[PDB]
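*Asks:* The lines below spell out each chain.
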Amino acid sequence: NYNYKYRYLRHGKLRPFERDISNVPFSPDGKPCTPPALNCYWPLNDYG
Amino acid sequence: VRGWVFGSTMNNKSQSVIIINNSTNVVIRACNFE
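Sequence lines, in order, name chains B and A.
The numbering of the first sequence is the entry's author numbering, which starts it at 435 and goes up by one.
The numbering of the second sequence is the entry's author numbering, which starts it at 98 and goes up by one.
Quick caveat, the hints were computed from the structure, so don't treat them as lab data.
Among these hints, one or two may not hold up.
Unchecked claim - In silico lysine to any residue, SDA-like type, Cα no more than 25 Å apart, as pairs:
| # | chain 1 | residue 1 | chain 2 | residue 2 |
| --- | --- | --- | --- | --- |
| 1 | B | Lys447 | A | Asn109 |
| 2 | B | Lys439 | B | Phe460 |
| 3 | A | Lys110 | B | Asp463 |
| 4 | B | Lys465 | B | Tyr438 |
| 5 | A | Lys110 | B | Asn473 |
| 6 | B | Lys447 | A | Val114 |
| 7 | A | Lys110 | B | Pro450 |
| 8 | A | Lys110 | B | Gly482 |
| 9 | B | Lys465 | B | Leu448 |
| 10 | B | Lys465 | A | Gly104 |
| 11 | B | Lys447 | B | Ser461 |
| 12 | A | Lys110 | B | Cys474 |
| 13 | B | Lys447 | A | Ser113 |
| 14 | A | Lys110 | A | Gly100 |
| 15 | B | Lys439 | A | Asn109 |
| 16 | B | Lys439 | B | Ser456 |
| 17 | A | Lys110 | B | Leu443 |
| 18 | B | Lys465 | A | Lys110 |
| 19 | B | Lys439 | B | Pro462 |
| 20 | A | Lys110 | B | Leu448 |
| 21 | A | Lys110 | B | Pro469 |
| 22 | A | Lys110 | B | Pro470 |
| 23 | B | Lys465 | A | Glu131 |
| 24 | A | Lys110 | B | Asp480 |
| 25 | B | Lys447 | B | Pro462 |
| 26 | A | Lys110 | B | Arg444 |
| 27 | B | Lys465 | B | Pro477 |
| 28 | B | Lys447 | B | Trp476 |
Here chain B stands alone, though its shape is the one from the complex:
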């Protein structure tokens, strides 16, 4: 049952009770990707 995901990529730590929602693909130096470009994941994964 993979209806429960987690975010695992962000530029920087969170503040206390900061809430991150937005779903944009990741690149470590700004520069917005478009998958399946190389080293451009999704910012979510499944639990297992």
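Assemble chain A onto chain B, guided by the hints.
*Replies:* For chain A alone, coordinates are given in the frame of chain B:
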């Protein structure tokens, strides 16, 4: 003039706190977009 817009990364990408008074009855929402 009494309108207030707050958030981050506008035009349909994150939430936004808006404070607008409606005839001395202050309307405050916190989820709108552009």
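*Asks:* Take the hints in turn and mark each one as holding or not.
*Replies:* Now the hints, each set against the structure:
1. Our distance criterion of 25 Å between C-alpha atoms is met by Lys447(B) and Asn109(A), whose separation comes to about 24 Å.
2. Proximity of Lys439(B) to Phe460(B) is assessed by CA-CA distance (about 16 Å); at most 25 Å being required, the pair is judged to hold.
3. At most 25 Å may separate the alpha-carbon atoms for a hinted pair to count; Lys110(A) and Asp463(B) meet this at roughly 20 Å.
4. Only pairs whose Cα atoms come within 25 Å are accepted, and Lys465(B) paired with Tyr438(B) is rejected, the gap being roughly 28 Å.
5. Annotation: proposed proximity of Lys110(A) to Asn473(B) holds, straight-line Cα distance about 23 Å (limit 25 Å).
6. Simply put, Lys447(B) and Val114(A) have alpha-carbon atoms about 23 Å apart, close enough for the 25 Å limit, and the pair holds.
7. Restraint check: the Cα-Cα separation between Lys110(A) and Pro450(B) comes to about 21 Å, which is no more than 25 Å; the hinted pair holds.
8. With a CA separation close to 29 Å, the supplied pair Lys110(A) and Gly482(B) exceeds the 25 Å bound.
9. A distance of roughly 21 Å separates the Cα atoms of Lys465(B) and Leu448(B); the hinted pair therefore holds under the 25 Å criterion.
10. Between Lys465(B) and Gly104(A) the alpha-carbon distance is near 22 Å, which keeps this suggested pair within the 25 Å criterion.
11. Straight-line distance between C-alpha atoms of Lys447(B) and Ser461(B) comes to about 16 Å, which keeps the hinted pair within the 25 Å bound.
12. Proposed proximity of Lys110(A) and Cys474(B) is supported: the alpha carbons are some 19 Å apart, at most 25 Å.
13. Among the hinted pairs, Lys447(B) with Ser113(A) is consistent with the structure: their alpha-carbon atoms are about 21 Å apart, no more than 25 Å.
14. Proposed proximity of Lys110(A) and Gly100(A) is supported: the alpha carbons are some 21 Å apart, at most 25 Å.
15. Between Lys439(B) and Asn109(A) the CA atoms are separated by roughly 22 Å; this keeps the pair inside 25 Å, and the hint holds.
16. Taking the CA atoms of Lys439(B) and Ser456(B), the gap is about 14 Å. The hint holds against a cut of 25 Å.
17. Pair hint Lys110(A) plus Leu443(B) holds up; C-alpha atoms about 17 Å apart against a cutoff of 25 Å.
18. The straight-line distance between the Cα atoms of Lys465(B) and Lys110(A) is roughly 17 Å, inside the 25 Å bound, and the hint therefore holds.
19. At roughly 21 Å between alpha-carbon atoms, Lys439(B) and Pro462(B) fall within 25 Å of each other, so this suggested pair holds.
20. For the suggested pair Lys110(A) and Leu448(B), the alpha carbons sit about 18 Å apart, so the restraint of at most 25 Å is met.
21. Between the alpha carbons of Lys110(A) and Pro469(B) the distance comes to roughly 19 Å, so the proposed pair stays at or under 25 Å and holds.
22. About 22 Å separates the Cα atoms of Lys110(A) and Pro470(B), which keeps this hinted pair within 25 Å; it holds.
23. As the CA atoms of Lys465(B) and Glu131(A) are separated by approximately 23 Å, the hinted pair is consistent with the 25 Å bound.
24. Between the alpha carbons of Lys110(A) and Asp480(B) the distance comes to roughly 23 Å, so the proposed pair stays at or under 25 Å and holds.
25. The hinted pair formed by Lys447(B) and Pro462(B) meets the criterion: a straight-line CA distance of about 14 Å does not exceed 25 Å.
26. This hinted pair checks out: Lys110(A) and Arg444(B) have alpha carbons roughly 16 Å apart, not beyond 25 Å.
27. In summary, the hint linking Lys465(B) to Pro477(B) is supported, as the alpha carbons are separated by about 15 Å, within the 25 Å threshold.
28. Taking the CA atoms of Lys447(B) and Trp476(B), the gap is about 18 Å. The hint holds against a cut of 25 Å.
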